[PDB]
Each structure stands twice: as C-alpha cells, then as structure tokens.
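Visitor: Residue-level listing of the chains:
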Amino acid sequence: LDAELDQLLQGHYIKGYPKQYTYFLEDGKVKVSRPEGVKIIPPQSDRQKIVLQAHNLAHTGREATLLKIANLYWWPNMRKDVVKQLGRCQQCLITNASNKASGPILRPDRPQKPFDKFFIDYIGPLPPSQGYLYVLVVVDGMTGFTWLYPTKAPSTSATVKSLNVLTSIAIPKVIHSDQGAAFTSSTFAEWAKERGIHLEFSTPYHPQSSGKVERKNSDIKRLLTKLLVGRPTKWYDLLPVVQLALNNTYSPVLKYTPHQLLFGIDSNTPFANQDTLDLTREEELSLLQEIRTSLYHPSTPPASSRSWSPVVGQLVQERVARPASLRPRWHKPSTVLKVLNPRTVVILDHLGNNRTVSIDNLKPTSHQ
Amino acid sequence: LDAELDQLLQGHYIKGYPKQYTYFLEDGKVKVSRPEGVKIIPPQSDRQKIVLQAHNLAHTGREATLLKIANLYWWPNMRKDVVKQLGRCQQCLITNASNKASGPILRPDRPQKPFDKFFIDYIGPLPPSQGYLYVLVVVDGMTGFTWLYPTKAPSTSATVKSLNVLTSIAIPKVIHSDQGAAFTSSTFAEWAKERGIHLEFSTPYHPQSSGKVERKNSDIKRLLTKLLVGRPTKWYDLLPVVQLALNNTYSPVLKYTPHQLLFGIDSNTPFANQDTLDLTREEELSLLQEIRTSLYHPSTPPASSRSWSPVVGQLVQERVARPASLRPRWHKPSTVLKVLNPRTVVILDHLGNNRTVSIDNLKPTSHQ
Amino acid sequence: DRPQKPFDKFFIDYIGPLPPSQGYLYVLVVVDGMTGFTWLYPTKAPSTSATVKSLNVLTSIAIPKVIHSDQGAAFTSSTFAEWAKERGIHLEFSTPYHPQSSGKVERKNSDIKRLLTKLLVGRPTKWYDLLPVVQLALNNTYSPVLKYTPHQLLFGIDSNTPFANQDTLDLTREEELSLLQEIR
Amino acid sequence: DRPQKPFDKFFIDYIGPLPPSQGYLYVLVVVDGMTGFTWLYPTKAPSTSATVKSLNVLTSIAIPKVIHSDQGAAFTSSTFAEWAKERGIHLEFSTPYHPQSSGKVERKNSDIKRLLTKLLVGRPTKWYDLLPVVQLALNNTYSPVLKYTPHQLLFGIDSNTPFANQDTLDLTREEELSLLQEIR
DNA sequence: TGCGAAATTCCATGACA
DNA sequence: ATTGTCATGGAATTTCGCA
DNA sequence: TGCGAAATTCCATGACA
DNA sequence: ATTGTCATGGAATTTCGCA
Ligand SMILES: O=C(NCc1ccc(F)cc1)c1c(O)n(O)c(=O)c2ccccc12
Ligand SMILES: O=C(NCc1ccc(F)cc1)c1c(O)n(O)c(=O)c2ccccc12
Ligand SMILES: [Mg+2]
Ligand SMILES: [Mg+2]
Ligand SMILES: [N+]
Ligand SMILES: [N+]
Ligand SMILES: [Zn+2]
Ligand SMILES: [Zn+2]
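Protein chains in written order, with the deposited numbering: chain A, 8 to 375; chain A', 8 to 375; chain B, 116 to 299; chain B', 116 to 299. A prime marks a further copy of an entry chain.
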C-alpha cells in the first residue's frame with residue numbers, strides 16, 4: 008500500500024526518485040511527468056504482480072517485457088525487477104535456447120602406441136546386403152588402422168563375436184564407445200573384464216567424443232558410395248576391399264598410411280613404399296618409434312567471442328533427450344559438482360543423481 | 008613407348024627433366040636418382056594409365072593420390088596429371104562434399120507497406136488437438152503481423168479455405184511460399200490469379216528464402232511449449248491467444264509490435280501504449296508512414312574467408328534431393344546460365360531443363 | 116477531451132434469418148465506430164454462443180475498448196456480459212426500441228442491408244461464399260465525409276483491390292422482377 | 116642382397132581333421148616367415164574354397180609378397196593359383212615329400228601342433244573358441260633366437276597381454292592318462 | 001566538465017521440417 | 001524464374017543525475 | 001643473390017545417426 | 001566418471017632450377 012509514496016508526494020525526496028520530476032497525484036494514482044510523458048508509479052507491493060503480468064502475456068524476455076510496462080508505469084531500477092521475474096519463470100528457463108556458445112574444443116593427445124586405445128561405433132542401419140545390416144567399425148587410436156565387421160544388428164551379441172576375432176591379433180587396453188545399447192550391456196563389461204580391457208564411454212549424446220571413428224565412418228560410407236555408383240548397393244562384399252583400402256592410404260597431413268603407422272612396412276600392396284628397403288627390421292622398427300611420436304598433433308582453437316566455460320556449483324541445464332514436439336528443449340536446472348575438464352562436467356540434477364556430460368549439452372541458466 | 012626417353016638416356020637434355028640427375032636405365036626401366044631415392048620414369052603413354060591406377064585404389068584426392076605414386080615413379084609436373092584425372096573421375100565429383108562456402112547472404116528490402124508481400128508456410132504435423140494437425144502461418148512481410156489457421160492437412164484444399172477468410176480483411180499483391188505440395192498445386196495458381204495475387208516461390212529446398220515466416224514459426228512453437236508445460240498438448244485452443252500475443256509484442260530492435268506497425272494504435276490490450284493519444288487519427292496515420300519507412304534494416308555480412316560466388320557458364324552441381332544411403336550426395340555437373348543475384352542462379356543440367364536454385368545447394372565443380 | 120480512434124468502439128447487431136448458405140442463417144456485423152471498417156461473421160443463430168464464437172475470432176486480431184449493441188437476447192445475456200468483463204471490454208446499450216448507432220455507422224449499416232439483398236437475390240442460397248468479397252467492398256467504399264475508406268483509415272495505406280466502381284447497389288429494376296415473384 | 120621383412124613371405128599348411136568344434140574340422144595356419152607371427156583360421160575342409168575364404172580375410176589386413184606351402188590339393192589347384200595371380204602374390208612350393216619351411220617356421224609349426232593337442236585334450240570339441248587365445252600366445256612367445264616375440268617384431272611395441280608364463284606345453288603326465296584311453 | 005550508475009544499444013548464438 | 005530472420009541476455013556504449 | 005615456376009604446406013569447409 | 005576428427009582442393013608459402 009501507500010508507505011513510501013506519501014513522503015514523495017509530500018515533497019521531501021526519497022532514494023532513487025530523481026528530484027526534477029513533478030510527482031503528483033491524479034485519478035487516485037501517483038503519477039509523474041517524465042520526458043516520455045506521464046507514467047504511473049505503482050507501490051512496491053504491486054510491482055512483482057505487474058512485471059509478472061506483463062511478462063506473462065507472451066513469456067517475453069527482458070527488453071520485450073520492459074517495453075510493455077514502459078507504456079503505463081514507471082519506477083526506479085525497472086529492469087532489475089524484470090530480471091528477478093525472468094530468472095524465476097520456470098517455463099522461460101526450460102524453453103528459450105542459449106545465446107552463449109561453448110568454450111573451444113579439446114584435442115586430447117594421440118594415444119602413444121597402437122592398441123592403447125580402440126574406438127568403436129556402429130554404422131547403420133543400411134540396405135540389406137546378404138542379410139547383413141550394420142557395421143562395427145573399430146579404429147585404433149594411435150595409428151588409425153581400422154577394422155570392419157558386417158553385422159545383422161548393433162547387438163552386444165555380435166559386437167562380441169567380432170572383437171573375439173580382433174583380439175586374436177592383439178588385445179587393447181581401453182575401448183572407447185558411444186553409450187549405445189550394445190556397449191553398455193552388462194554382458195559386455197564382463198567380456199572386457201575377462202580380458203582386462205578398461206571400458207570408457209563418450210558422455211551421452213555427443214559423438215564428438217567418439218569422433219576418431221565417427222570420422223572414420225564418414226570416410227567409409229564415402230568410398231562405398233563411390234564404388235556403388237550405377238550398381239545396386241551390394242556392400243557386404245566390399246567391406247574387405249574398403250578395409251584394405253583405407254588402412255593403406257596416406258593422410259596428407261602426416262604423410263603415412265594407417266597401415267604403415269601400425270607396421271612400419273607397406274605389404275605387397277600397389278605403390279608399396281620402398282624407402283626403408285635397406286635397413287634391417289631392427290633399424291626400421293626403431294625409426295617407427297621415432298615417427299610415431301613425432302606425429303603432427305593439433306592444438307586447441309580460439310574460443311568464441313561469446314563462449315562460456317563451467318564454474319563449479321554453477322547453475323546449468325541438460326539438453327532434453329529427444330524432446331517431443333511442444334516439449335521444452337531443456338531440463339530443469341542443476342548444479343555443477345565437479346569439472347572434469349573445461350568441456351566435461353559432472354552435474355547433479357534435482358532428481359537427483361550425478362551425471363557426466365559434455366558442456367555441449369549444457370546451457371548455463373540465464374540470470375543466475 | 009620409348010619416344011622422348013631415348014634422348015634423355017643419350018645425354019642431351021629435354022624440357023622439364025632437370026639436368027643434375029643421373030637418368031640411367033636398369034632392370035629395363037628409365038630410372039633416375041633423385042634426392043628421395045631412385046624413382047622410375049614411365050613413358051608419357053603410361054602415365055594416364057598409372058595415375059588412374061593410383062587414384063582408383065581409394066578414390067583419393069590430389070595429395071593422398073600423388074603420395075602413392077611418389078613411392079615408385081617420378082616425372083615432370085606430376086600433380087598436373089593427377090589433377091587432370093580427378094576432374095575426370097565421375098564418382099569423386101558427385102560424392103566428395105565441398106570445401107568452399109557460399110558467399111554472404113542477401114538481406115532483401117523490407118516490403119514497403121502492409122499487404123505488399125505475405126509469407127506462408129505450414130508447420131506440422133503436430134499432436135492431434137481436436138483432430139487438427141497442421142498450422143498455416145501467414146506473416147505479413149512489412150509489418151510481421153501474423154495469422155494462424157489450424158488445419159487437418161497441408162492441403163491446397165485447406166490452404167485456400169483459410170486465405171478466403173484472410174482476404175476478407177484485405178488482399179495482398181504477392182505471396183511467397185516454399186515449393187511445397189500445397190502451394191504449387193494448379194488449383195492454387197487459379198485461386199490467386201482469380202484475385203490478382205502474384206505467386207512467387209522460394210528456390211527449392213531452401214527455407215532461408217521463406218524465412219520471415221520460418222522465423223515466425225520458431226517463435227510460435229516456442230510460446231506454446233511454454234503454455235503447455237505440465238499440461239497435455241491441447242494446442243488448438245491457444246492458436247487464438249498466441250496469434251494475439253505476438254502481433255502485440257515488441258521486437259526489441261524496432262521498438263514496435265507487429266500490431267502497431269500495421270494499425271498505428273494498440274487495441275484494448277494490456278499495457279496498451281498511450282503516447283499518440285492526443286493526435287487525431289490523421290496525425291497518427293502520417294507518423295505511421297513515417298515510422299514504417301524509417302525502420303531498422305540489416306545489411307549484408309562479410310563473406311567467409313573461403314566463399315565463392317557464381318560466374319556465368321561455370322560448372323556447378325545441385326545437391327541431391329533426399330539422397331538415399333550409399334548414394335552420391337551431389338548431382339552430375341551443370342552450367343550456370345543466368346545469375347539472378349549472387350545467391351540465386353539459373354542452371355541447366357544434362358537432363359536438361361532450366362532450374363532456379365540457391366547457391367546454397369550448389370557446389371562449384373572442383374578442378375574445372 | 117481526446118480524439119477518436121480505431122478500436123475505441125465496436126458496433127454490433129445480427130442480420131437474419133436468410134436463405135441458408137452452407138447452413139448459416141445469420142450474419143453478425145461488426146463496424147468500427149471510428150473508421151467504419153466492417154467485419155462479417157456468418158452464424159447459425161443469434162445466440163450468445165455463436166456470437167462469442169465469432170468475436171473470439173475478431174478479438175484474436177484486435178480488442179475494442181467498447182462494444183455498442185442493441186438490447187438483443189445475445190448481448191444482454193450474462194454469459195456474454197462475462198466474456199466482456201473477461202476481455203476487459205466495456206459493454207454499451209441502445210435503450211429499448213430507440214436504437215442509436217452514429218452518423219457513419221447508421222449509414223454503413225444501411226449500406227450493408229441493401230448490399231446483401233442486392234446479391235442474395237438470384238443466389239439467395241450462395242451468399243456465404245461472398246461474405247469475403249462483400250467486406251472488401253464496404254471497406255474500400257469511399258466515404259463522402261472524409262476522403263477515405265475504412266481500409267485507408269485503418270491501415271494508413273491504399274488497398275490493392277479498390278472499388279472505384281461507384282456502383283448502384285440499389286435493387287436495380289430487374290431484380291424486383293424475380294424478387295417480388297419469389298415472395299409475392 | 117637386402118634384409119628380410121614382415122610380409123615378404125607367408126607360410127601355410129592345414130591341420131586336420133580334428134574333433135569338430137562348432138562344425139569346423141581343420142585349421143589353416145599362416146606364419147610370417149620373418150616375424151613368425153601366426154594366424155589361425157578354422158575351416159571345414161582343406162579345399163581351395165575354404166582356403167581362399169580365409170586368406171581373403173587375412174589379406175584384407177596385409178598381402179604377402181610370397182606364399183610358401185607344400186604341394187597339397189588346395190594350394191596347387193588352378194583356382195588358388197589365380198586368386199594369387201590376381202592379388203599379385205607369388206606362389207611357392209615344397210618339392211613333394213621333402214617339405215622345407217625354415218628354422219623359425221619349422222619350429223613355430225611344431226610349437227603349434229603340440230600346443231593344440233595339449234588343450235584339445237579334455238575339450239577335444241571346444242577348441243574353436245580358443246583359437247583367439249592360442250594365437251595371442253604364440254605371438255607373445257618369446258623367441259630364443261631374437262630377444263623378441265612376433266608381436267614385438269610385427270608392431271614394434273610391447274603387447275598388453277604377455278605370456279611370460281614360459282609354460283610346459285608338453286603332454287604333461289596326466290593328459291596321457293585320459294589321452295591314450297580316449298583312442299587306445 | 002566530470003563522476004558513478006543506469007539506461008540503451010550491440011551483437012553472437014541458435015532454430016524455424 | 002529470385003533473395004534469411006530476429007529474440008535473447010550479457011557486454012559495451014551512451015546518457016542520466018547530481019554537482 | 002635473385003628470378004619464375006613448381007612443390008609443399010596451409011587451412012576453412014563439412015560430415016561422421 | 002572424461003575429451004572431436006581429418007580429407008579436401010585452392011591459396012599462400014617455401015624451395016627448386018638455373019644463372
Ligand atoms: O549423430 C551421430 N553421428 C553423427 C555425428 C555428428 C557429429 C559429430 F561430431 C560426430 C558424428 C551418432 C553416431 O555416430 N552414433 O554412433 C550413435 O550411436 C548415435 C546415437 C544417437 C544419436 C546420434 C548418434
Ligand atoms: O527445414 C525446414 N525448416 C527449418 C528451417 C531451417 C533453416 C532455415 F533457415 C529456416 C527453416 C522446412 C520448412 O520450414 N518447411 O516449411 C518445409 O516445407 C520444408 C520442406 C522440406 C524440408 C524442409 C522444410
Ligand atoms: Mg554409435
Ligand atoms: Mg513449408
Ligand atoms: N589427453
Ligand atoms: N530486394
Ligand atoms: Zn516466462
Ligand atoms: Zn574417384
């Protein structure tokens with residue numbers, strides 16, 4: 008009610024009500040002539056009620072919202088109250104999308120030797136060839152050497168069958184994967200414990216993380232499409248030739264084929280590289296340890312003009328699963344527990360369990 | 008066969024075979040000791056046969072390809088022959104994606120008055136509300152004032168029904184649309200001829216063009232999702248309230264609501280803006296013509312470091328419809344007939360009819 | 116006291132019955148008391164329902180400070196009276212049997228009645244489909260008293276379909292032929 | 116003349132029959148003539164088919180300058196001889212009845228035969244599933260003559276599963292118990 | 001002729017099938 | 001034959017209140 | 001000690017569900 | 001608890017051939 012506004016109308020000044028304005032009463036309301044015309048000045052008891060009223064017309068953001076108010080009312084420090092109400096509007100918070108981009112990406116170090124890390128994804132589904140339907144792609148981290156296995160599903164079942172042939176050659180220390188259905192099975196953990204293989208997983212819904220392979224997938228799909236122009240998509244039969252193809256092909260920027268990085272000698276393939284013909288294997292093999300280590304390795308890009316990185320205990324929100332239509336594209340807010348690195352954090356939601364996620368599926372919660 | 012290489016081995020120099028290299032014969036082949044070791048030098052009769060052989064291993068691009076050759080052979084101006092073969096590889100040309108970005112976008116002029124241009128798209132499908140399933144969104148160009156009509160399909164049939172209510176208020180001069188099934192009907196042309204409405208269409212597969220509305224769609228879907236949190240998606244009933252909502256809401260950057268831009272006075276809505284209370288309609292109406300014309304209007308962005316714009320008679324290719332999987336993501340090359348503007352061109356394909364398309368669905372054909 | 120504006124007041128009555136077109140029997144008529152701009156909603160009956168059904172439409176475009184109307188069933192009904200109270204709309208009434216539009220409105224309403232009967236004779240039954248086109252006309256009907264149509268006063272610009280056909284509209288000689296033989 | 120390398124030569128024979136495991140009866144054995152690295156493909160018969168079926172696998176990894184083998188049915192057959200010609204692979208043959216591997220290979224092949232029989236006694240029928248694990252072993256089997264396993268000579272690094280279990284492999288005392296009672 | 005704080009304007013980010 | 005848009009919320013700028 | 005042309009290296013663009 | 005990648009083809013740079 009009345010409270011502060013008496014002393015105003017009385018004449019003797021109050022904080023944040025600038026003097027040279029003629030604060031009168033009229034129509035039983037505390038008007039004030041300002042340069043834009045006369046605006047009403049509602050009692051602090053009503054301002055929350057009003058700003059909400061205004062906002063709630065079209066769940067408009069800060070400016071949009073103040074501009075509606077401006078028409079009729081005036082008071083001190085306006086937007087401050089508007090911002091209070093916006094950071095309280097649950098619906099605005101879970102639907103508006105961001106305007107703040109994620110900090111620059113991390114270029115983790117090239118694994119040291121072959122078999123230190125294996126990446127694996129499933130490509131598919133595809134055009135039935137010989138009743139097969141997916142592919143299991145396995146890229147060695149260090150070398151980029153690559154194995155393909157054509158499968159009827161993207162199943163723990165057939166995921167295993169394959170690596171059992173793979174681990175004939177050698178056994179890897181870690182295996183990175185998408186948290187997809189076939190790699191998160193209980194049964195797979197056992198498969199890998201058995202062999203003493205540490206399972207490590209991309210954060211969820213983020214293939215940038217498994218991307219050594221996601222990128223080897225592009226290059227695979229690419230080369231078939233070339234080999235199956237003007238021919239029915241009978242891909243099953245090329246898988247071999249493709250596999251061979253890529254492992255034996257220069258990456259311009261390294262000047263080595265995945266095959267060479269992994270063996271140190273071309274096999275009896277075409278344009279087999281000669282250079283080291285004349286050193287004993289010993290001499291070759293040591294030079295390999297030499298090349299392998301002194302291999303190009305990219306740095307982190309500059310951050311965007313308006314990126315954010317993630318402080319601890321900050322308020323942030325996870326992107327909605329696969330949102331339905333007419334369903335907020337963001338989960339309710341949550342708090343950043345640990346920061347595993349500028350791009351990966353652990354958060355607790357209101358549910359509330361702990362989750363490990365890419366900053367890429369997070370938006371900082373606007374307004375605090 | 009032999010031809011040029013005799014005079015070489017003989018001793019007396021030939022063009023582009025640098026002298027201080029000891030060009031001998033051995034193993035019945037025209038070897039040459041170079042700094043990388045000794046490389047064979049095949050007869051010009053075989054070089055095309057070879058480069059193709061090399062490339063065709065993995066349909067590798069320029070560097071990737073030369074590096075395979077390098078291992079065994081050497082000759083003058085190598086890549087030149089490699090590039091010849093790449094620009095001839097039909098499959099490379101229709102599958103590799105670009106590395107050249109399109110020139111900066113055009114910001115066409117704000118239509119002058121209301122009803123000069125109407126944009127229209129269909130949103131959907133959606134969650135059945137009251138058996139309705141799509142929405143027809145109509146944005147006036149100049150003003151941004153907007154109409155919604157809930158429809159059971161995205162049909163010429165119901166597209167018309169609606170504009171027949173719309174053109175009650177007034178009739179527009181042009182109507183812009185996506186070349187979608189419902190706007191390209193024969194029956195619709197007739198509808199619009201009848202009323203003397205010029206039909207003009209976005210290039211195909213490019214909503215940037217119809218985007219005054221595509222952007223009004225975002226803002227629509229957004230506000231429902233806010234109003235239907237923790238409530239079943241019974242959207243049919245909000246269409247009215249939403250419509251009202253947006254037309255009466257400030258665009259921060261203009262400082263006017265679409266409603267005002269179109270009428271010059273707020274209706275009896277909340278926080279109705281007062282300012283012009285005191286001028287006769289006449290005085291208002293003229294000031295409107297004033298505002299309307301002196302309205303913010305954005306310029307063209309800077310071009311990307313590596314963009315291209317489209318010369319006439321250039322070789323370019325159209326992006327594949329919705330490509331299937333394992334099917335080239337590009338059509339065979341084609342020739343730029345007319346350039347309607349730096350972002351829209353007319354091309355003739357080998358089919359070969361004339362087509363009008365956004366530079367955005369074109370890639371310049373690599374190599375010439 | 117301040118000048119007069121579009122939206123300041125909205126005049127309504129209902130017209131009917133009439134020969135059914137796609138099963139409508141009535142036309143709700145709204146005229147802006149300033150510009151004399153006209154809206155025509157065809158309805159099934161003069162009920163507070165079909166009224167509100169329509170106005171809910173119009174009001175999704177613009178909301179009037181005031182709605183003036185006679186004392187009909189539909190406009191008095193407490194239901195309508197709420198719908199108004201809700202939308203913040205003042206309702207306003209023409210003392211029974213002494214109905215008081217305004218110069219421009221009185222006129223425009225006349226213009227309308229003659230206008231209908233003019234064209235729903237010869238297709239008394241095909242009139243629903245012409246409501247669009249009718250509106251367009253009475254909104255591009257150059258008003259003697261200003262230099263302006265509704266359309267221009269409403270929007271401040273020139274329409275793209277002008278009815279510079281200063282046309283008769285009067286029951287021209289022949290339409291009384293198959294008019295007073297269809298009822299008389 | 117130049118030094119010896121992995122891939123320069125590939126030694127093959129077939130092992131079998133044997134007690135069926137998932138319906139295979141034969142093991143194709145490929146040993147790299149330089150590193151003595153071993154591949155084991157289980158097959159259904161010593162036919163040029165099942166040979167090529169397998170090698171098509173191995174060769175999707177690496178292709179050998181040369182394939183040395185005895186004069187078996189499968190390796191002489193003109194079909195195989197083509198498959199080789201195709202892949203640019205020189206075929207090479209051990210004069211009938213005087214079979215001539217090499218030190219390291221002769222050896223490794225011996226190591227293998229004993230190795231199988233060691234473990235396919237007691238599960239003569241469950242051997243298909245152990246081919247992976249067997250390989251791993253004979254490829255991490257430290258060779259007297261160098262300081263190195265196949266694995267290290269092939270890849271130039273240390274395996275993550277080492278068989279520093281310098282293990283007997285010999286038909287240890289008890290396995291002759293339920294061995295010469297299963298056949299004798 | 002100049003301060004501190006507020007008000008305004010700027011503008012990169014993202015999403016419209 | 002045609003063509004991107006524009007709300008949003010922190011930042012950077014400009015303007016206000018008082019001397 | 002320097003030219004013109006070739007060879008190499010650079011690096012923005014895009015696509016991997 | 002974890003993390004982007006890398007072929008590609010014009011451009012920009014560096015190096016080659018000859019004096
Ligand atoms: O979206 C996927 N891949 C494309 C892609 C996009 C951006 C990148 F940087 C890298 C790759 C998915 C994928 O590759 N895999 O393997 C999945 O399992 C998956 C599951 C759900 C949704 C998407 C993908
Ligand atoms: O993709 C569409 N809209 C999203 C979008 C993306 C980029 C922009 F800049 C603007 C909008 C489509 C769309 O809006 N409409 O109306 C269609 O008819 C359509 C048809 C086929 C494929 C996509 C769309
Ligand atoms: Mg996956
Ligand atoms: Mg559309
Ligand atoms: N790392
Ligand atoms: N334009
Ligand atoms: Zn809100
Ligand atoms: Zn190619």
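Hint data in this document are derived by calculation from the structure and do not stem from the laboratory. Fair warning: there could be bad hints in the mix.
Below, in silico cross-link-like pairs of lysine-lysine (PhoX-like), each with a Cα-Cα straight-line distance of 20 angstroms or less [as the list claims (entries may be wrong)]: (1) B'/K159 - A/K168; (2) B'/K168 - A/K168; (3) A/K56 - A/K26; (4) A'/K107 - A'/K339; (5) A'/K56 - A'/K38; (6) A'/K168 - B/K241; (7) A/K339 - A'/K233; (8) A/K241 - A/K120; (9) B/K228 - A'/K168; (10) A/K91 - A'/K168; (11) A'/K262 - A/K46; (12) A'/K168 - A'/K180; (13) B'/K180 - B'/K200; (14) A'/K233 - A'/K180; (15) A/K22 - A/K46; (16) A/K233 - A/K223; (17) A/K233 - A'/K91; (18) B'/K180 - A/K241; (19) A/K262 - A'/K38; (20) B/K168 - A'/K241; (21) B'/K219 - A/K168.
Visitor: Could you run down the list of hints and mark each one as holding or not?
Guide: A quick look at each hint next to the structure:
At roughly 19 angstroms between alpha-carbon atoms, B'/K159 and A/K168 fall within 20 angstroms of each other, so this suggested pair holds. At most 20 angstroms may separate the alpha-carbon atoms for a hinted pair to count; B'/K168 and A/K168 meet this at roughly 18 angstroms. The suggested pairing of A/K56 with A/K26 is violated, with an alpha-carbon distance near 27 angstroms, which exceeds 20 angstroms. Straight-line distance between C-alpha atoms of A'/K107 and A'/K339 comes to about 18 angstroms, which keeps the hinted pair within the 20 angstroms bound.
Taking the CA atoms of A'/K56 and A'/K38, the gap is about 18 angstroms. The hint holds against a cut of 20 angstroms. With a C-alpha separation of about 16 angstroms, the suggested pair A'/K168 and B/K241 falls inside the 20 angstroms cut-off, and the hint holds. Distance check on the hinted pair: A/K339 and A'/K233 sit about 13 angstroms apart at the alpha-carbon level, within 20 angstroms; holds. A distance of roughly 36 angstroms separates the Cα atoms of A/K241 and A/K120; the hinted pair therefore is violated under the 20 angstroms criterion.
Proximity of B/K228 to A'/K168 is assessed by CA-CA distance (about 25 angstroms); at most 20 angstroms being required, the pair is judged violated. Of the pairs offered as hints, the one joining A/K91 and A'/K168 is violated, with about 45 angstroms between alpha carbons and a cut-off of 20 angstroms exceeded. A hinted pair counts as satisfied when its Cα atoms are at most 20 angstroms apart, and A'/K262 with A/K46 qualifies at roughly 18 angstroms. Simply put, A'/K168 and A'/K180 have alpha-carbon atoms about 18 angstroms apart, close enough for the 20 angstroms limit, and the pair holds.
Simply put, B'/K180 and B'/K200 have alpha-carbon atoms about 11 angstroms apart, close enough for the 20 angstroms limit, and the pair holds. Using a Cα cut-off of 20 angstroms, the hinted pair A'/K233 and A'/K180 is violated, with the two alpha carbons roughly 35 angstroms apart. The hinted pair formed by A/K22 and A/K46 meets the criterion: a straight-line CA distance of about 18 angstroms does not exceed 20 angstroms. Using a Cα cut-off of 20 angstroms, the hinted pair A/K233 and A/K223 holds, with the two alpha carbons roughly 16 angstroms apart.
Taken as a hint, the A/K233 and A'/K91 pair is honoured in the structure, with Cα atoms around 18 angstroms apart against an allowance of 20 angstroms. Note on B'/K180 and A/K241: the hinted pairing is violated, with a Cα-Cα distance of about 30 angstroms set against a maximum of 20 angstroms. Restraint check: the Cα-Cα separation between A/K262 and A'/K38 comes to about 24 angstroms, which exceeds 20 angstroms; the hinted pair is violated. For the suggested pair B/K168 and A'/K241, the alpha carbons sit about 18 angstroms apart, so the restraint of at most 20 angstroms is met.
Simply put, B'/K219 and A/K168 have alpha-carbon atoms about 32 angstroms apart, too far for the 20 angstroms limit, and the pair is violated.
The structure shown violates the earlier hints numbered 3, 8, 9, 10, 14, 18, 19, 21.
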